[PDB]
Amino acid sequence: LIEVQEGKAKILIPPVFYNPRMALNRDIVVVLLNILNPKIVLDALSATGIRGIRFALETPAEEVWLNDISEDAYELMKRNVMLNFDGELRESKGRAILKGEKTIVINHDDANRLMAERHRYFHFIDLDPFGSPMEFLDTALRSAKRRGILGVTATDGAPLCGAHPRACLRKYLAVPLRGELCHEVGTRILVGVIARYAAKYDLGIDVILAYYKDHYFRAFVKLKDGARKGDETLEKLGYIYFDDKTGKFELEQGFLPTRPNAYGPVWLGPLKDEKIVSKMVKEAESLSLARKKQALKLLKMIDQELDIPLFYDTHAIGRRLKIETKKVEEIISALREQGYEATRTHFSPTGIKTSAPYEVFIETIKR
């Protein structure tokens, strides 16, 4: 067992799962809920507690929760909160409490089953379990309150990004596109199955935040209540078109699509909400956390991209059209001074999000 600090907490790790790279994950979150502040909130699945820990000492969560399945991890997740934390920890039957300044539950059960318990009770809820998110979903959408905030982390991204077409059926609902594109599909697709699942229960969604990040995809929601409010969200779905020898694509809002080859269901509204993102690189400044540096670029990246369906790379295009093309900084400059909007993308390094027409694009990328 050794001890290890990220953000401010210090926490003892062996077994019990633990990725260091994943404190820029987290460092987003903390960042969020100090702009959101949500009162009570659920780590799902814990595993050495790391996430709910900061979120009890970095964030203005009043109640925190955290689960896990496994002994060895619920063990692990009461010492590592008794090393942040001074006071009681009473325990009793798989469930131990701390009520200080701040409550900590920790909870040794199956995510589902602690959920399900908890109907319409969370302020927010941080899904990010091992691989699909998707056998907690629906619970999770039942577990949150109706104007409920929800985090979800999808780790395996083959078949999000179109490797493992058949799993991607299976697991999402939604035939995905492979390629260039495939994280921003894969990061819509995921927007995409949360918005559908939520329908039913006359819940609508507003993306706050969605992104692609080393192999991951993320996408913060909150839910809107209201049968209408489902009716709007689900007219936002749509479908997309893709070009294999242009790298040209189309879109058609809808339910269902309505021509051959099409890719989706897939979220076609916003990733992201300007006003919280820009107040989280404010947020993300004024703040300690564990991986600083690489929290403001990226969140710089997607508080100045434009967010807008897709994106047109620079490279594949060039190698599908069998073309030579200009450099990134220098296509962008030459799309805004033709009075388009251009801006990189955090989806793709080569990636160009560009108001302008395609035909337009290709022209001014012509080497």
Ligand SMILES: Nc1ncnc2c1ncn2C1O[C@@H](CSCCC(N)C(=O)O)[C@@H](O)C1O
Given for the second form:
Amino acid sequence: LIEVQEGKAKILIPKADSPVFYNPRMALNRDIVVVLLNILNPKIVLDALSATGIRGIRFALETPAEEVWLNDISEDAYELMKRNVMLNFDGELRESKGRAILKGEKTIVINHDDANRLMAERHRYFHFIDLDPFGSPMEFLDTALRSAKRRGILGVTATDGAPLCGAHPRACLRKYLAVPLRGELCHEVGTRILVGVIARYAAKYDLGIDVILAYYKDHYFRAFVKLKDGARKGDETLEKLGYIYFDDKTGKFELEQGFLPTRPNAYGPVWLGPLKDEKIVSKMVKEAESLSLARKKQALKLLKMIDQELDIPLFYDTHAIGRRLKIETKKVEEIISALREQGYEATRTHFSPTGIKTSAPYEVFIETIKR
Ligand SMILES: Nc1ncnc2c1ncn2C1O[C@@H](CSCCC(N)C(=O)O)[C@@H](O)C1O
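Mind giving me the form deposited with S-adenosyl-L-homocysteine bound, seeing as the form deposited without S-adenosyl-L-homocysteine was just shown?
After this comes the whole thing, all chains and molecules, with the earlier chain placed first.
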């Protein structure tokens, strides 16, 4: 074991294929959720697959959370979780049958079990649940949707982007029950597929969702949603689902709002609603600035990008469209300036370095990008 620091937390990680997983590259992901929790202030929270326990520990040390649950099915992880918790908190970690509880300023509950089992035991109990598995979160989604309060918050990560970006079509259908789209738009389509599957699974509980923040980064998808209580709210949520049509020869996309598509070659279903709560994300940029984060600079760069990013379905990739149409194109910075000069909204997007979010119709965009 070796000592490592992330944010205000000091933890021990196995030195090495490792007995307990820890990825420092995910410190940024952790920072983001920490920043968000400092805005929404959920009291009772769950770190469902904590591994070393770093997430829940940071929740306890850096957010207003009052009761923090850390869980993992692995005995090795559980043992390390207890050790790392006592490395950051004083008091008596009372253990009994695979569960250790510390009742200090903040109450910490370390659990050893299947996340589905723990969440089933804690029905309508958490104000916030963070699902951060190895790959897909689908094995845990339905139960989390029952474990969180009817107005709770859900944080979901999908690490395997192969099915979501269209590389593995078969798997995407099986796991997300949606038809993926490969290419320059896959980072967003995959993100919208994730939000859409959450909305779809939630509906049967007479719950709807409002997206707080959903983004893509370094080959992983993240989505934070606020559960809405009510059948009608569930109805209205499903009405925000839709499909995407994409022309491989031009890069032009079409949107179709509706539970089912009505034309061939449709992609989805996907969430066609907003991918961010403008006000909350605005506050997040400010909060990240007044907080001691693990990767403050990277956190702010991503948050600022998303904050200024136009929230509209999809975008146009200058490089990709140039290739599909077989034409020379202008630089992104120039194209944005030109679009704005013509009276159209246009911004860069975190989904792709060469992508441009704009209100401009496809044909106006093409005429603008042409060398
Ligand atoms: N059914 C299950 N219930 C609870 N944990 C599970 C599980 N199946 C797999 N896991 C596990 O999930 C892992 C995902 S790695 C997770 C990391 C993280 N949440 C962070 O920020 O560090 C392992 O620690 C592990 O044993």
